[PDB]
Amino acid sequence: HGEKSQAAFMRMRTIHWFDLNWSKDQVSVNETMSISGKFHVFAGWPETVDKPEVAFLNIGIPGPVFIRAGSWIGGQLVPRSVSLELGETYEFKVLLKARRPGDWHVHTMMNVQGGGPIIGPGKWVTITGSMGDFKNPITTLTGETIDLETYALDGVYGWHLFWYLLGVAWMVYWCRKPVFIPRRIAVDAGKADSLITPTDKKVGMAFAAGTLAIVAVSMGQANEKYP
Amino acid sequence: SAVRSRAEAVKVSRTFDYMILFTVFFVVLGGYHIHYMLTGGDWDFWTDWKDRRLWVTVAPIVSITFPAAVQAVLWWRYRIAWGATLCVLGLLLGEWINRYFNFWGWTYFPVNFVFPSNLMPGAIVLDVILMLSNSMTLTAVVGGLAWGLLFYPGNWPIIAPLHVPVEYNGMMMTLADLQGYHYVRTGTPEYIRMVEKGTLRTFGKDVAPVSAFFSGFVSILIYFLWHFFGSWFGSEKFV
Amino acid sequence: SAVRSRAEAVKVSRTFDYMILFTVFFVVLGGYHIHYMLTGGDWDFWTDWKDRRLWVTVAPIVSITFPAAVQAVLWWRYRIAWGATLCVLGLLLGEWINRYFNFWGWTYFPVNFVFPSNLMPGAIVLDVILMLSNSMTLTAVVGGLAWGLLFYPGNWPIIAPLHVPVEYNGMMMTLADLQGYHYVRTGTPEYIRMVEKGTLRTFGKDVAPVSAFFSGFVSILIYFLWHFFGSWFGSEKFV
Amino acid sequence: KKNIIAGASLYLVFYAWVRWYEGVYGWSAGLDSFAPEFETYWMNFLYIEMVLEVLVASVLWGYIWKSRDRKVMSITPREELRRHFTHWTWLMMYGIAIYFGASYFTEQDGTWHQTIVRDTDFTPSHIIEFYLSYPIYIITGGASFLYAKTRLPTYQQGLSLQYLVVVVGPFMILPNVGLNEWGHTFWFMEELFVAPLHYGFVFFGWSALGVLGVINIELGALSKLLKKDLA
Amino acid sequence: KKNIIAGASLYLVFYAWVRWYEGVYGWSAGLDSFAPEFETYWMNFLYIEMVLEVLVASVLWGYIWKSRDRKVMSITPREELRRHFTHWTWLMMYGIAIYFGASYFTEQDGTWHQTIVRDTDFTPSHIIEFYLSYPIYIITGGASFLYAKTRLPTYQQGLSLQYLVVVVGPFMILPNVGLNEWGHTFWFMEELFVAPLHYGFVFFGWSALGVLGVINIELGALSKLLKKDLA
Amino acid sequence: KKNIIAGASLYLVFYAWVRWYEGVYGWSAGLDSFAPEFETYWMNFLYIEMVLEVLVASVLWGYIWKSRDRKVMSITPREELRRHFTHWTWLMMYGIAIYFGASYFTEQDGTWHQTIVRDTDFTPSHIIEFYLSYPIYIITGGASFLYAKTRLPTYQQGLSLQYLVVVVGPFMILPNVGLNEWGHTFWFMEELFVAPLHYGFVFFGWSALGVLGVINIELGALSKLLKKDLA
Ligand SMILES: CCCCCC(=O)OC[C@@H](COP(=O)([O-])OCC[N+](C)(C)C)OC(=O)CCCCC
Ligand SMILES: CCCCCC(=O)OC[C@@H](COP(=O)([O-])OCC[N+](C)(C)C)OC(=O)CCCCC
Ligand SMILES: CCCCCC(=O)OC[C@H](COP(=O)(O)OCC[N+](C)(C)C)OC(=O)CCCCC
Ligand SMILES: CCCCCC(=O)OC[C@H](COP(=O)(O)OCC[N+](C)(C)C)OC(=O)CCCCC
Ligand SMILES: CCCCCC(=O)OC[C@H](COP(=O)(O)OCC[N+](C)(C)C)OC(=O)CCCCC
Ligand SMILES: CCCCCC(=O)OC[C@H](COP(=O)(O)OCC[N+](C)(C)C)OC(=O)CCCCC
Ligand SMILES: CCCCCC(=O)OC[C@H](COP(=O)(O)OCC[N+](C)(C)C)OC(=O)CCCCC
Ligand SMILES: CCCCCC(=O)OC[C@H](COP(=O)(O)OCC[N+](C)(C)C)OC(=O)CCCCC
Ligand SMILES: CCCCCC(=O)OC[C@H](COP(=O)(O)OCC[N+](C)(C)C)OC(=O)CCCCC
Ligand SMILES: CCCCCC(=O)OC[C@H](COP(=O)(O)OCC[N+](C)(C)C)OC(=O)CCCCC
Ligand SMILES: CCCCCC(=O)OC[C@H](COP(=O)(O)OCC[N+](C)(C)C)OC(=O)CCCCC
Ligand SMILES: CCCCCC(=O)OC[C@H](COP(=O)(O)OCC[N+](C)(C)C)OC(=O)CCCCC
Ligand SMILES: CCCCCC(=O)OC[C@H](COP(=O)(O)OCC[N+](C)(C)C)OC(=O)CCCCC
Ligand SMILES: CCCCCC(=O)OC[C@H](COP(=O)(O)OCC[N+](C)(C)C)OC(=O)CCCCC
Ligand SMILES: CCCCCCCCCC
Ligand SMILES: CCCCCCCCCC
Ligand SMILES: CCCCCCCCCC
Ligand SMILES: CCCCCCCCCC
Ligand SMILES: CCCCCCCCCC
Ligand SMILES: [Cu+2]
Ligand SMILES: [Cu+2]
Ligand SMILES: [Cu+2]
Ligand SMILES: [Cu+2]
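Going line by line, the protein sequences match chains D, F, B, H, C and I. Following the deposited numbering, the numbering of the first sequence begins with 33 at its first residue and continues without gaps. Following the deposited numbering, the numbering of the second sequence begins with 6 at its first residue and continues without gaps. Following the deposited numbering, the numbering of the third sequence begins with 6 at its first residue and continues without gaps. Following the deposited numbering, the numbering of the fourth sequence begins with 20 at its first residue and continues without gaps. Following the deposited numbering, the numbering of the fifth sequence begins with 20 at its first residue and continues without gaps. Following the deposited numbering, the numbering of the sixth sequence begins with 20 at its first residue and continues without gaps.
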């Protein structure tokens, strides 16, 4: 969508996408479509754009409306970055899974480290259905088939909520006591020991010990639950 | 003298306290959040950036800045025990609001992909180490080492489920890598990912602990510097 | 007391003023010219270096240094309204003498190829913004933005005639590029030319304005720093 | 001497309006700079907000007209005590504004940069962040500073230094927007963090720690307005 | 108490002699280090100028021999007023020397590289720049400093700090010539400006701002020698 | 008031023991991390030394138990003069320890790194340097500092600043061992010197110049304990 703002000469002397084929233009949630074709790296590369030693075959869309179920360059899956040579031609293919309803302009792009986004032609694809139906099943090397859309979420929520409530309780222990004004006057007069009583310092130890304890038990429990 | 009673002054103090706390909380939240989200927060944005070398090294270092500065006057002026806890509570609240209402609510990245880092443990231990020992250099050293070392252990129980290996179309990937692969980030190519990649001078499994000790050592100096920086921010000079 | 009359003191003051002005003019000229001609002056030497990104970014930044320093005592000691004008007059005189008598008179580079940059506008606006508002931070901010923004507009009427396109032996070139091509600079190959070359993150036509705003923002900090630097140079301490 | 304009913080309703206007009129109606739909819902927005902000800043900053003899330190804990409450209402407003400007919309723009929009030549996310939220909190901070300057005795002694930092300090991120969009262009780095181009207005959040000095000051003339009435 | 050696500024005639000697005996007779024509018109030049400069500096700096009881602050505006005029004559000479050394010949050397002469192992616009003009203005500055030290009462209190900067400061570009010719060799950069190798004696032009301190001093004991006679 | 524990510097015998244990049990019996011979002569060494050092530091640092009323400045040159001699015995011990830790074994580890042992995951040379010598001199320095703090009147005024530098300063190279082994891993450089990774604990040898301050102090209360008896 933002290709229109890139330097005209850059758009013309970098990468040329041809033989492009979109397998569909009307998908429903959980359905897949593919984009195939070839691209030719121009030997007269721009000086200010680093040569593509490190490139990544990306997809141009407004957030994960699709999910990149796979992507191949010359027949190999390319989840990592790759290397290209000036003047070569490559065959590529991308497999998308519809996730969010709407109408989206789907572009094929190549990120070049030290360069930038190199956006290919876009196509209008329509997704129909309800996002609540999206499923992303996965089987692990333990199998253990899970749903990557919501897997491990309760753990994140629980742990973050617990630590937050612990930190709130620390402040609350000191919030009931009048703060600011009496404390200022105290240290100004020379009573620096305002509310740091022995009982107030032993509460600090409990928190510090209860903390250093929970971390260790939690590390052990994690190592035992996910060997 | 002209209010009403001496108990009226207690109520006036209480109301002032609630206002001052509000304003400090939110102003420090703004500043801290911008500093964090612009020095070490790409690792904070995505789970597939929370690696063993650069995340564990950068998060605590840049995170210990504001806690130390705010502590330089919320301790020697009002003996306030919290102040690092308050900084971290603000940072976490801001980050969670943004992740849930913009990252997920606006662009629809799944929440289990963009949740924030956990910095509550180190904060509490730092506050306590300062309450006891009432020392800036003692706290500097010990609390810096703790801050640096408690980070990865404090986060592991949260990201462990996403480190289960998976074979995807012939390549081996963790669930976090699979997330980073599925949910397209048109603005974040894979090669910018600054994560541990292994070297000839690296050992097979020693990144997490070494990066947590290096981070603790550097947090020592960071706390040292920002203690004085915060002491300056507390100045009442007029020009 | 032993001179002659009270009008004799007025004449003694006048003669002293003429001497002091001479010496300040020329010493500051020397220092300013060396600083400029050794930080940002390749863009100043050749017309085919006066581009839209690096020239507009560097010239004003490094140029605002001496004006600010000299202003730190030629304002709070003698309320002298000029001082940036004097710095710029000296710089321009030195540069023009050198260009006309050495660049052209010695090596025979045509004058329409090596004329200097124009820094008179920003200087006058800075001097005025300081005379009114008598503030160093107000002047810092506003005059820095002005200095940064008035540069390219102040120079365009001079270099515009040399930006007419031309087709030379099949390639398209501006008259400035053609000059740089014709008049051999054995010591200045073409590749060292640090000019805007376009990028994938650059927009079609946005260099000049963006580089003038970035330059203004950085000139803010530069003026800030050199105000204090100049206040130090004004010290009367003895050791 | 409060519980009035403190509860009248319309910041929420106004900001709750843009977060809605964002997710409804800038999702796809603002994805392309194009020419029609964009200059209708986003460029007019920009122009209107710039003019309104300039005029509102010029107007609201008239505490120099309401300023007069401010020897309230000679007054009892009634007139001066009442002014400090107003000052802290102003400061709470400033805190809300700083939160929404430096935390909510800044990290929202961070989110936006990741999904699709390459900063090339523009974004609609920092039409609301750089040109709406930053000037808003700048106006609020200037208002609070001027109020203290013109209405509290302890501030009649020449421009508290730290108050200038929790103020114009955070102002220096606005002009800092020149660093970015120039560090994003010819010096780009498609991140928020490793790119030192952003370290410009990282040297602005620090300045937002000048509320350690305003608090020390406002708790030194106020500690002497409560000492006698201890219990 | 002036209008004598001030008009006797032979700096012009002497410098007008080298600018002529340059454009007549170094254009092609000095293009090649070779062996005969170069060591005849340019190496002998170098040796002669070095020895003459060392000896002239050792001699001219004898204001410590003419120095004595300098309580001219106890004298009226006649003897001390007359000395300040001599000091400012010295300072005008120093200004001329600094102009010719740091501005004229420095940028002339800048012109020379851009044409042909790669600095490799030498340049004849270097005999004229680093070994003639810099020592000349160094001698003049030292002379002026010593004069003030030995002849004006206000300077009897221990080496004004800023006077040392508008002096030895600009001296530190001479030894700085080691940075260049080493930053031009194994660290080279065929420019004046981006090459940080030149930033060495960029930290010398700044030092040439110590004439802000000498002027403040010389306008503080002189303001008290003119106060009574206002009109 | 000396010539007792000064000559009882067992540092030599102990260090002469490790230099022997090194060249006899770590030459080939410690070349490979392997599993048996290494964890027998080098890992047990490490564990034993760590525990012994922690416990010896906790114990030896009990000069706060022997501390009491230290107004020895009111005493004659007999009791306080005798304490200064003990302080300087402690300081001589600290000097020996610092020599062996920062000079002998550090450059010995430098030698080791050159021959074979790539630092990858470990070395037996800095089992003796980082975990034996550094903690030893740390213990000695802390002991000396505490002694002065608890036994000399001139030190009862709050923690001499420079004494803290010739102390915890040199302590900051121990945690600095995190910089190296991280700058040697993912940032490696197979040298001691150009690699800025080592510049961490280059900013530790400097701190070992705090013995310029302890000497100034100990020669200011001692100069007043010898003034009367000049000849
Ligand atoms: C600021 C702190 C912050 C964090 C972030 C950063 O800085 O980043 C990371 C690194 C760097 O990167 P670059 O890319 O630029 O470079 C290359 C890589 N290496 C590894 C080789 C280095 O850094 C780190 O790590 C951090 C540190 C800091 C200082 C000490
Ligand atoms: C000093 C100021 C001065 C100016 C000049 C300079 O510096 O130069 C320019 C740039 C740099 O260059 P280099 O070649 O080195 O590098 C590369 C390029 N880039 C673009 C990538 C960076 O810089 C600039 O621009 C300036 C700035 C400054 C600081 C802020
Ligand atoms: C509060 C002490 C808890 C110690 C937990 C631990 O040893 O974790 C080791 C882990 C290293 O993980 P790794 O070497 O991969 O082996 C552990 C295997 N996993 C990662 C699966 C748990 O990295 C860290 O957490 C550094 C923290 C050091 C604190 C002193
Ligand atoms: C980069 C860290 C510098 C911090 C130095 C500092 O604490 O300030 C001391 C100085 C004034 O020193 P002094 O008059 O001794 O007053 C010390 C008390 N405070 C700390 C409140 C200014 O204050 C300033 O001018 C601000 C420093 C620059 C901004 C980072
Ligand atoms: C980049 C960090 C800025 C640190 C500011 C600093 O330490 O400088 C203190 C300086 C000390 O000189 P100052 O007190 O301004 O001069 C005396 C002012 N009067 C004449 C009113 C007494 O005052 C100012 O900087 C002016 C305010 C700057 C606001 C950002
Ligand atoms: C005093 C305001 C004058 C404004 C002139 C102007 O807008 O110039 C735009 C020019 C941009 O040139 P460009 O985008 O190429 O479009 C103008 C076409 N030319 C270069 C042929 C005049 O870049 C600048 O001069 C930056 C100055 C900003 C001052 C607020
Ligand atoms: C890199 C900028 C540093 C400028 C600091 C400055 O103004 O000097 C303060 C200091 C003395 O501070 P103070 O005794 O407070 O006297 C302030 C008055 N002036 C500015 C005339 C020295 O003077 C120096 O030792 C010279 C600074 C190093 C050369 C760049
Ligand atoms: C690289 C910047 C140099 C900045 C010089 C500075 O700030 O240091 C001040 C220092 C302050 O100590 P000072 O006043 O020399 O010691 C007292 C001198 N007496 C004993 C005569 C009172 O004096 C000097 O630096 C010596 C002169 C250097 C000339 C370039
Ligand atoms: C963006 C609204 C923020 C609310 C600010 C606020 O609550 O402060 C109350 C303050 C009123 O404080 P007060 O003590 O009434 O003013 C000082 C007393 N006077 C004005 C009579 C000298 O308002 C003003 O001073 C002017 C308000 C103009 C914008 C709505
Ligand atoms: C204080 C910033 C001035 C913004 C002026 C404006 O309304 O933007 C129009 C113009 C942009 O015009 P242009 O891109 O040629 O065409 C505008 C139409 N769209 C939005 C489709 C690209 O902006 C500029 O002068 C350059 C950017 C400001 C400096 C950071
Ligand atoms: C390179 C020539 C620059 C001209 C210097 C000048 O005009 O200063 C006049 C000054 C004369 O000043 P005046 O007040 O005569 O000397 C102080 C009074 N005395 C010497 C009797 C103590 O000369 C000297 O002190 C010695 C000159 C030697 C080189 C030509
Ligand atoms: C203080 C500098 C000493 C200059 C000594 C001299 O007269 O130059 C002769 C010699 C150069 O001799 P060389 O190049 O072997 O042969 C001279 C004959 N030409 C001029 C034909 C190369 O210079 C050097 O010792 C090296 C350069 C000085 C250090 C910056
Ligand atoms: C690693 C051995 C270094 C030898 C230290 C030394 O010679 O100091 C003597 C000092 C004795 O100094 P002295 O003046 O006897 O102690 C102060 C006097 N008292 C203890 C009675 C208050 O010893 C102590 O204070 C405690 C020794 C424990 C480790 C062996
Ligand atoms: C304070 C450092 C803790 C050293 C703990 C220890 O005894 O080392 C065992 C373990 C190393 O175990 P590993 O390499 O898996 O196997 C040890 C067996 N060898 C020696 C054959 C490699 O060390 C670590 O935790 C990492 C290094 C410390 C941080 C700088
Ligand atoms: C009184 C302490 C001096 C002010 C703090 C300056 C510290 C700067 C270096 C860490
Ligand atoms: C009185 C002001 C202190 C001297 C100026 C130092 C400023 C240095 C940082 C900009
Ligand atoms: C070539 C890039 C050089 C950048 C200089 C430092 C930028 C500072 C940003 C405030
Ligand atoms: C490898 C080049 C390093 C240069 C160090 C800085 C030089 C300073 C010049 C005064
Ligand atoms: C990428 C390496 C950056 C290193 C930063 C500076 C290290 C300081 C060591 C104390
Ligand atoms: Cu599109
Ligand atoms: Cu943006
Ligand atoms: Cu040269
Ligand atoms: Cu080693």
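No wet-lab data here; the hints were simulated from the structure. A virtual CB, placed ideally from N, CA and C, is assigned to each residue, including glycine. Mixed in with the good hints, there may be bad ones.
As the list claims (entries may be wrong) - Keeping only pairs whose Cα atoms sit at most 27 Å apart, straight-line, the calculated DSS-like set for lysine-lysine is: (1) C:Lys-246 with C:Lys-85; (2) I:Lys-85 with I:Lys-20; (3) H:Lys-247 with D:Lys-209; (4) B:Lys-242 with C:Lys-246; (5) C:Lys-247 with B:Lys-16; (6) D:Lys-129 with D:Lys-167; (7) C:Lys-20 with C:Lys-90; (8) C:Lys-90 with B:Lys-242; (9) H:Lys-85 with H:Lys-21; (10) D:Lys-234 with D:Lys-223; (11) D:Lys-209 with H:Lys-85; (12) D:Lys-209 with H:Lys-21.
Said to hold, decoys possible - Ranges between beta-carbon positions, derived for each pair: (13) F:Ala-213 with D:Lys-223: 43 to 49 Å; (14) B:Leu-183 with F:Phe-106: 53 to 59 Å; (15) D:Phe-194 with I:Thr-130: 48 to 54 Å; (16) D:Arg-208 with I:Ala-25: 55 to 61 Å; (17) D:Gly-242 with F:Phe-106: 46 to 52 Å; (18) D:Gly-242 with I:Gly-232: 53 to 59 Å; (19) C:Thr-139 with B:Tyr-113: 21 to 27 Å; (20) D:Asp-220 with I:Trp-36: 56 to 62 Å; (21) F:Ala-7 with H:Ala-48: 30 to 36 Å; (22) C:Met-62 with B:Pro-194: 28 to 34 Å.
Okay, the hints, checked on the actual structure:
Restraint check for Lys-246 of chain C and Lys-85 of chain C: the C-alpha separation of about 30 Å exceeds 27 Å, so the hint is violated. At most 27 Å may separate the alpha-carbon atoms for a hinted pair to count; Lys-85 of chain I and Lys-20 of chain I meet this at roughly 19 Å. Distance restraint check for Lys-247 of chain H and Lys-209 of chain D: the Cα-Cα separation of roughly 20 Å lies within the 27 Å cut-off, and the hinted pair is therefore satisfied. Restraint check for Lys-242 of chain B and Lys-246 of chain C: satisfied, since their Cα atoms lie roughly 23 Å apart, inside the 27 Å limit.
Only pairs whose Cα atoms come within 27 Å are accepted, and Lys-247 of chain C paired with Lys-16 of chain B is accepted, the gap being roughly 14 Å. Distance hint between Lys-129 of chain D and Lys-167 of chain D is fulfilled; the C-alpha atoms sit about 10 Å from each other, no more than 27 Å. Simply put, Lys-20 of chain C and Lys-90 of chain C have alpha-carbon atoms about 19 Å apart, close enough for the 27 Å limit, and the pair holds. Note on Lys-90 of chain C and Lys-242 of chain B: the hinted pairing holds, with a Cα-Cα distance of about 20 Å set against a maximum of 27 Å.
Between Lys-85 of chain H and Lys-21 of chain H the alpha-carbon distance is near 20 Å, which keeps this suggested pair within the 27 Å criterion. Note on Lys-234 of chain D and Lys-223 of chain D: the hinted pairing holds, with a Cα-Cα distance of about 20 Å set against a maximum of 27 Å. The straight-line distance between the Cα atoms of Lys-209 of chain D and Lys-85 of chain H is roughly 38 Å, outside the 27 Å bound, and the hint therefore fails. With a CA separation close to 22 Å, the supplied pair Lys-209 of chain D and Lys-21 of chain H stays within the 27 Å bound.
At about 46 Å, the beta-carbon gap between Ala-213 of chain F and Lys-223 of chain D stays in the expected band of 43 to 49 Å. Hint check: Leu-183 of chain B to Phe-106 of chain F, Cβ distance near 57 Å, so the stated range 53 to 59 Å holds. In this structure the hint that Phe-194 of chain D and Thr-130 of chain I lie 48 to 54 Å apart at CB holds, the actual value being about 52 Å. For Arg-208 of chain D paired with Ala-25 of chain I, a C-beta distance near 59 Å keeps the hint of 55 to 61 Å intact.
Judged by the Cβ atoms, the range 46 to 52 Å given for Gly-242 of chain D and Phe-106 of chain F is violated: they are separated by roughly 32 Å. Between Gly-242 of chain D and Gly-232 of chain I, the C-beta spacing of about 43 Å breaks the proposed range 53 to 59 Å. Range check, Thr-139 of chain C to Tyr-113 of chain B: Cβ separation about 24 Å, and the 21 to 27 Å hint holds. For the pair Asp-220 of chain D and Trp-36 of chain I, the supplied restraint of 56 to 62 Å holds, since their beta-carbon distance comes to about 59 Å.
Look at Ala-7 of chain F against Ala-48 of chain H: about 59 Å separates their beta carbons, and that is not inside 30 to 36 Å. As the Cβ distance of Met-62 of chain C to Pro-194 of chain B is approximately 30 Å, the hint placing it in 28 to 34 Å holds.
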